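As structure tokens, one chain now follows by itself in the form deposited without the named molecule.
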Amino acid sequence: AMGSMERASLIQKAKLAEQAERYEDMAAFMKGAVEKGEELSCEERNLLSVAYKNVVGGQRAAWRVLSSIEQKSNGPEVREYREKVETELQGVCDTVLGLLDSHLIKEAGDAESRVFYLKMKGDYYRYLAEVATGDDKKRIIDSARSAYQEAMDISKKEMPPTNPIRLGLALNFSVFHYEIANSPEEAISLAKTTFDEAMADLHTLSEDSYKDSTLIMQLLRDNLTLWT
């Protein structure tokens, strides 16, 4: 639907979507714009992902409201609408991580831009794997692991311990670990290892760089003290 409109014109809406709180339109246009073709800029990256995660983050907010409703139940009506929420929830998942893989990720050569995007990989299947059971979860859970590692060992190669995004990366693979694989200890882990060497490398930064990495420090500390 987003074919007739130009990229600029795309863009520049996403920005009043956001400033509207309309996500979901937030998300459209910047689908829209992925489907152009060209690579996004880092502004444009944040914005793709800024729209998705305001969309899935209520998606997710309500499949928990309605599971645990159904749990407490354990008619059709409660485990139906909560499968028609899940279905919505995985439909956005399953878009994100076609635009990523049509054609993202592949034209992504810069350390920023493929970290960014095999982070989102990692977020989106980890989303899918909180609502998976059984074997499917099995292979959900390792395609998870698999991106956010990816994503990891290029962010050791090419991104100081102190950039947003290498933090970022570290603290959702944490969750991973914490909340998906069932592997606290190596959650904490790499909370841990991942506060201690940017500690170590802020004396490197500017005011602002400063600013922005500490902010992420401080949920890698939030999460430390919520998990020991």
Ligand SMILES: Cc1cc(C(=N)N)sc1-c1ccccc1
Given for the second form:
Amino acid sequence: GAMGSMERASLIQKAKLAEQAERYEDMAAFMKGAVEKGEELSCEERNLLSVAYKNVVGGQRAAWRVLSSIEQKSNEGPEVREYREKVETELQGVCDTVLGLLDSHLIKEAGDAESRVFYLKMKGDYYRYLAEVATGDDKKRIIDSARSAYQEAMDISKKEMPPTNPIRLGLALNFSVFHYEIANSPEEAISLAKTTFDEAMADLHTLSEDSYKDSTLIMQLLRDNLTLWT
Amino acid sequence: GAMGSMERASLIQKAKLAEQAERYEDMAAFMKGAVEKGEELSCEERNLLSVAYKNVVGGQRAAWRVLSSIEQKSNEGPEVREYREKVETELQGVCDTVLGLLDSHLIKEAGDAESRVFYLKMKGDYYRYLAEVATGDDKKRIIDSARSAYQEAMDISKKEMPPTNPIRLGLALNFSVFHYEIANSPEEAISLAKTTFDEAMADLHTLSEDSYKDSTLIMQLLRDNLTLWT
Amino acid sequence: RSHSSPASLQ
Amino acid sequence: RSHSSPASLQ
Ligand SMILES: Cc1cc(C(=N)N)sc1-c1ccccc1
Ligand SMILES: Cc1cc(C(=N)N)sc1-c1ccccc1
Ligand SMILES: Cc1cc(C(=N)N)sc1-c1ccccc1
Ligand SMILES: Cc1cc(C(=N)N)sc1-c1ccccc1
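Following the display of the form deposited without the named molecule, present the structure of the form solved in complex with the named molecule.
Okay, now the whole complex, with that chain kicking things off.
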């Protein structure tokens, strides 16, 4: 499967090398190969998967935004539209690839809260990225798929994880972005970010120095957004 | 030829769009497509070609250096070597692609000094990049191919261009890097950079404000290297 | 413009 | 470590 002949351990090692070399397309292909071996992923390996694809899709989203801006300017030749469509299509394929890995079969095999919440968050994230470029007939159903993934992950995280858990915090952060940027629900976005921040603050006293640093890092992002949004 | 069905003008327009979106692999494919239309390139178009490939090969050289460093550390499993070899091979193919475009048929059709020197400089540059990763039996012949390309470009530039011409200056700069980094000739590198800088300085009085800015920008790079090298 | 989560979460 | 030419030259 491009990577079907390489050992799982070698794929993981090369993913780590590509990260060091900032070769994120390679890193993604390696981690896709690792996932397709069929074994569950460790916490470190789930983070490698997320890092790889987030960087790949991140460059595509930035390109798409530059081009969409030019295209909107141009209607204030078909080339700008054609090339925005090319980038858009490549973004959608990356998102479809990640969603396919989650659906076949990472989520259904994830029984622990840390793995299951991580993967459901990712599912929400990649539907959100699809939503960012979607325009109609599917735009509503894509939004509803992101919302549903995020909501299931929130319910699990509230039952199973402490309020300072970095996965729980990154989840709540991204759901609040979803509310503000995608769902036209800025009040929900602000409420969630506030409630999330305040409940984590009240749980910080239970953490070690290194866990405190992990949690407060994400809390600051919630605060940065609240400053932007209010 | 991937791009054979697209209009030359549309390829150039999309190259400019990809530059804005920092999509340099796309930009390179577009400019490769434009070159393969068979028409000579304007000054603007030669610069688009150079920008696209220099950014693509630039990311590969940076990755290769990270990986080669790890590999050398590792000998102070085959994965590090295997993955450095993969990146190296992709770099060599990019360099071979550019060299093929110059040889088929940009250089032979370039009659003006500004075009012919630009293309011969590029030929030297891409053999220099091949030299950076070469190791033996071919390493000497690759070095000699870079030297030869640079030397022909220098001879033309000295006959046909003023000492402040930015192409002449960028040529002399890169040849001096070649001498220092590739050819183990630091004294030649330093001499060339000094002579190049001093002869440009004595010609600056002939330039307009905007040309003065163009020339002094490259002269500063010569000075930065002299500071590094002495 | 809104900040989202880093990819890597402990 | 040595600086080389920008890609674009006027
Ligand atoms: C937090 C993190 C980031 C990683 C990366 N970007 N390579 S790997 C990782 C991790 C997670 C759990 C246990 C050990 C390491
Ligand atoms: C962090 C935080 C907690 C808040 C609360 N529920 N009391 S309001 C808030 C905030 C609001 C606007 C700008 C920056 C921070
Ligand atoms: C200097 C330069 C840089 C360019 C770029 N990076 N897109 S296009 C260009 C040029 C050259 C000659 C005449 C008009 C424009
Ligand atoms: C620019 C320049 C010109 C020189 C000359 N031929 N006189 S020496 C020089 C230089 C040397 C060392 C460090 C920085 C600059």
